[PDB]
Structure formats: structure tokens, C-alpha cells
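Only one chain comes next, encoded as C-alpha cells, the form deposited in one PDB entry.
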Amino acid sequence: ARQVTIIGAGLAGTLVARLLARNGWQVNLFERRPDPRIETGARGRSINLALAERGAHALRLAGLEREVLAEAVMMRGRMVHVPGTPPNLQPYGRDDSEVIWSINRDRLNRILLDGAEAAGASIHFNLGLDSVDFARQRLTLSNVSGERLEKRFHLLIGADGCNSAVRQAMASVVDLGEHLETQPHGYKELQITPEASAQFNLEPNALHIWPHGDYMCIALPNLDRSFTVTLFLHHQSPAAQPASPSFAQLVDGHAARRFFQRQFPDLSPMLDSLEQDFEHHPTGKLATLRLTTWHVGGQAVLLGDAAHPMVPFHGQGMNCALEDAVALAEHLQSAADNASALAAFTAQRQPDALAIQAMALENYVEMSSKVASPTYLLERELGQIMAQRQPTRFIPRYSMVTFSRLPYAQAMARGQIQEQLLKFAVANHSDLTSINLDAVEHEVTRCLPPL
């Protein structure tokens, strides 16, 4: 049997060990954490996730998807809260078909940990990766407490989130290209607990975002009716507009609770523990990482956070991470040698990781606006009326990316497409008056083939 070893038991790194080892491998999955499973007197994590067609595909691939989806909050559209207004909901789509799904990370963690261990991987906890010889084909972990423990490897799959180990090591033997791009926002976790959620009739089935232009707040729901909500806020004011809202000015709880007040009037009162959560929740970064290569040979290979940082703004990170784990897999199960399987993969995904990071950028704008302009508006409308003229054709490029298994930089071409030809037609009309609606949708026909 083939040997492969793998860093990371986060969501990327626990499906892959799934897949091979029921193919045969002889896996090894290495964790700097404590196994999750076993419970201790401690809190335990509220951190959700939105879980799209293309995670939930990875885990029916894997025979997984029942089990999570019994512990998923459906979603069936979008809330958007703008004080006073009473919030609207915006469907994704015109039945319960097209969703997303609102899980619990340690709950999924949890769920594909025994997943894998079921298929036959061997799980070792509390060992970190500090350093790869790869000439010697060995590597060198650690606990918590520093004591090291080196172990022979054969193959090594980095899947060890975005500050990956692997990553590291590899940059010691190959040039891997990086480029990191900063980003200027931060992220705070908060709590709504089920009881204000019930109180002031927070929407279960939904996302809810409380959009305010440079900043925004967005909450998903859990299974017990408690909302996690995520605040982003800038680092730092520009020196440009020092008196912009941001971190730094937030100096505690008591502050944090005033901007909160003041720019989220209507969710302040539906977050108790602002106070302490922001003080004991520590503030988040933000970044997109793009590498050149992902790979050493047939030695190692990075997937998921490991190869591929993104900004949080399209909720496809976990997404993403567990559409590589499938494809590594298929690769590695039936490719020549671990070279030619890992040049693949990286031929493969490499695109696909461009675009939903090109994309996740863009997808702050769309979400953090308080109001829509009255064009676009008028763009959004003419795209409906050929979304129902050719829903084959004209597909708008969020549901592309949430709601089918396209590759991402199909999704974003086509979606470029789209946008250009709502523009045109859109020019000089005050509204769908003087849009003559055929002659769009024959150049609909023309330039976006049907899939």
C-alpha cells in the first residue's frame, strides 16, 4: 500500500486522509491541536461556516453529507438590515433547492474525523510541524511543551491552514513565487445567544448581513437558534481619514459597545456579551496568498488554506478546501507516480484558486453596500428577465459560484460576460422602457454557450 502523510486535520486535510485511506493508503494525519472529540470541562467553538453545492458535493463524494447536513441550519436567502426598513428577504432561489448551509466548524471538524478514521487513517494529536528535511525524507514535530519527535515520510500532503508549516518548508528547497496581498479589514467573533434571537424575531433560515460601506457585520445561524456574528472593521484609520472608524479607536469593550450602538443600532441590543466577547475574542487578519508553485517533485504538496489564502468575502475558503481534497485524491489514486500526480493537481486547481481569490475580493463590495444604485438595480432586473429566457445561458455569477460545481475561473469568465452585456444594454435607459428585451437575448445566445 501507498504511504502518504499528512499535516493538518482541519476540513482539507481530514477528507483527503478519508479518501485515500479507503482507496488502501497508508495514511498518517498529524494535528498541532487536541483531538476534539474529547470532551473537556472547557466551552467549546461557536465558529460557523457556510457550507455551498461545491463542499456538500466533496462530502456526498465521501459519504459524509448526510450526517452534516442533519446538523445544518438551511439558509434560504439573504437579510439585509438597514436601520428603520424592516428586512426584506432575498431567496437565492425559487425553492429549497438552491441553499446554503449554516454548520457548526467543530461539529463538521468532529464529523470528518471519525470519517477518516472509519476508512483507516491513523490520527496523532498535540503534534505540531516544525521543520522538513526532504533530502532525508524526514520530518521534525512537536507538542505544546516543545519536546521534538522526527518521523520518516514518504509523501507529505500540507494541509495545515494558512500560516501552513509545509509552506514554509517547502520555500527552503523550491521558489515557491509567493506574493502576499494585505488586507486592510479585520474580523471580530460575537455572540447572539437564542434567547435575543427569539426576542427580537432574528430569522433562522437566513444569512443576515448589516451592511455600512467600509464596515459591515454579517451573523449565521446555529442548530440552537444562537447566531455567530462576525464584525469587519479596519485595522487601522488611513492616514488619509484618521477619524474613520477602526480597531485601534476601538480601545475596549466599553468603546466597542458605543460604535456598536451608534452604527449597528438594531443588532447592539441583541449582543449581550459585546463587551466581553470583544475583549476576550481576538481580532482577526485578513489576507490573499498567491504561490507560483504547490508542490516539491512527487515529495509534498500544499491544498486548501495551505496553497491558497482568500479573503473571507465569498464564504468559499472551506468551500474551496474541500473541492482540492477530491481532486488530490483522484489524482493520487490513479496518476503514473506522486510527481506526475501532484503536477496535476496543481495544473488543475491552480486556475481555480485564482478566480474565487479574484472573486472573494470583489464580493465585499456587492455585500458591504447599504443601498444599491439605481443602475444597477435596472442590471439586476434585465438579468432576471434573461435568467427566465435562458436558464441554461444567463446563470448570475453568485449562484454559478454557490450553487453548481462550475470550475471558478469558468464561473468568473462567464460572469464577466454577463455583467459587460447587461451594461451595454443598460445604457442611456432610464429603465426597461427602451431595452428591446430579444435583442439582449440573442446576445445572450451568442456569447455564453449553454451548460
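Definition used throughout: the rigid core is the maximal C-alpha set that superposes within 1.5 Å between two forms. Positions refer to the first chain, counted from 1. What changes on going to the form deposited in another entry:
Here the rigid core is superposed between the two forms, and of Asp96, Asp175, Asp106, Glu181 the C-alpha of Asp96 is the only one to shift by 2 Å or more. After superposition on the rigid core, the Cα of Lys370 moves by 2 Å or more between the two forms.
Having looked at the form deposited in one PDB entry, could you now put up the form deposited in another entry?
Only a single chain is listed, so you will not see partners or other molecules.
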């Protein structure tokens, strides 16, 4: 049996562990955190994640989808809260079968942990990777107290998150060609209690958006009718716009409350613990880190956030991470050797990672800056018309990334053709009546091969 060592029992690591273990691999998985299935007296604070077709399919191949969806809240559409109009529900896709699932991060991790152990993988918690000696095929682990433990390894899988230790150790033997691109937006995670959401009639079966240009909020529901709310806001105010809102201006909960009362008046009543959550939770940072290569020979390979950290604006980090796990397991299982597997895995997935990394950055301007634009509404109306006339040619880019498994590079390449197509057809036209629908349909068939 081929042996594999996996660092990080996160989402990608536990999935790939399951897939290799049921294929007969001797799988050992190391995790720095304690086992979350051991119940303690601590009050865990977990957030919800948007599970889409890519992630759902990855769980389907692993035999875990039914179990995960049983604990997920169905989101049938996007609930846009734009001032001046009532909350507007925008259904997903074309039919009632296209939905996104809101799954609690902790619930999902437990299901994957159980899933990996049932396939035969061994999971070792409370052990963080410190360094790798690639020459001697050894690594060093330690607990929080710093007691060191050495282990032999044949194949090392880095599934240890944005701040991957496998990635850092790989940087000693190969130039990964890393380019960190930091994001000026930070995020703050707030809570809406079940009582609060019910009191203000917040739809449980929808994903909510409060667009506001350079800042915004999103909310995803949990099984108990609570919601986890993410505020996206500039870390600092630029000198060009010194009075623009930023986290630096929100020094306490009293400032945060006045900010929300003025800029999110319908959302602020639902934030019972806005003052407490604002000062007791850290302001998270966002970044896009790109790598030229993801592997060292047949010795080590990165996947998930370890290989391609991205901004969460498209809700696709986990989905891409689960998709990575399937591809990595497929290549490892069927290749002539580990080095051929790892080189082929990188070649297949690296272009798609750069694509979803790019599309995630663009999608912030789409959901927070465009959903209230007059030109964008006409382009969106015309794009929906093309999705019905050519259902296999004009698939809106959000549907391709979210509701299909088309490679991220194809979705971005087809999306730029559609974006430019809508841009030129709507240009210099006020109403949809002055737009020639059949000329737009002709260019759809000319430039977009059917799927």
C-alpha cells in the first residue's frame, strides 16, 4: 500500500484522506488543532459556508453528500437589501433545483473527519508541523507546548491552510514564485440570534446581501435560524477620501452602532451583540497569494488554501478546495509515479486556481457596486434573455462557477466573451426596446461554442 502523510485536517485534507484511504492508501493525517468531535465546555464560534455544485459533487463522489446536506440550510436565491426598495429575492439559476447550501464549518469538518476515519485514515490531532527536511524525508511536529516529534514520510500533502507550513518549508528547496497581493478590505464576523432574525422576518432560505459600494454585508443562515454576518470594509481610509468609512474609524461598539444605524438601518436592529462582537472579535485580513509551482518533485504537493489563498467574495474557497482534493486523489491513484501525479495535478489545477483567484476579486465589485447600477440592470436583463435562447452557450458566469463543474479557466474565458458581448449590445441604449435581440443572439452562437 502506498503511504501518504497529510498536514491539515481541514476541508481539503480530510476529503483527500478519505478518497485515498478507501483506495487502499496508508493515510496518516496531522492536525494542529484539537479534535472538534471531542465535546468540551467551551462555546465554539463557527461560521457558515456557501456550498455549491463543485463542492457538493466532490462530496457526492466521496459518498458524503447526503450526510452533509442533511445539516445544511437551502438557499433558493439571493436576497438583496438595497436602500429605497423592499428586500428583493433573486432566485438562483433558471429552475428551482439550482440552490446553494449554507453549511456550518464545524458541522462539515466533523462529517469529513468521521468520513476519513471510516475509510481507514488515521488522524492525529494537537500536532503542528514545524519544518521539513526534504533531503532526509523527515519532518518535525510539535504540540502547543513545543515538544518536538520527528516522522518519516514518503509523500507529503500540504492541506494546512492560508498560512501553510508545508508551503513555507517547500520554499527552501524550490522557488515557488510567490506573489502576495494583499486586499485593502478586512472583515468582521457578527451574529444575528434566532430570536432577532425571527422578530424581523429575515428569510431563512436565502443568502442575504447588503450592498453599499466600497463596503457591504452578507449573511448566511444556520439550522437554528441564527445568521452569521460578515462586514467587508476598508482597513484604513485613504488620504484621497479621508472621511470614507474604515475599520480604523470604528474604534468601539458605539461607533460601529452609529455606522450601522446610518448605513444599514434595516440590518442594525438585528445585531443585538453588535457592540460586543465588534470589540471581542478580531478584524480578519484578506489576501490573494499565487504560486508558480505547487509541488516538489514527487515528495510534496499543496492544495486548497495552502496552494492558492483567495478572497472570499465569490464563496468558492471551500468549493475549490474540495474540487482540488478530488483531482489530487485521481492523479495520485492512477499515475505512473508520485512525481508524474504531482506534476499533472499542478498542470490541471494551477490555471483554474488563477482563474477563480481572479474572478473572486472581480466579484466584489459585482455584488457590492453593480447590483444597484442602471447599466448593469439592463445588461443583467439582456443576459438572462440569452440564457433562455441559448441555454448551452450563454450561461451567466456566476452560474458556471457556482452551479457547474466547468474548469475555472473556461468559465472565466467564456465569461469575458459574455461580458464583452453584453457590454457592446447595451452601450448607447437606454431601454431594452431599442436593443436588437436577434443580433445579440447571433454573436452568442458565433463566439460561444455550445456545452
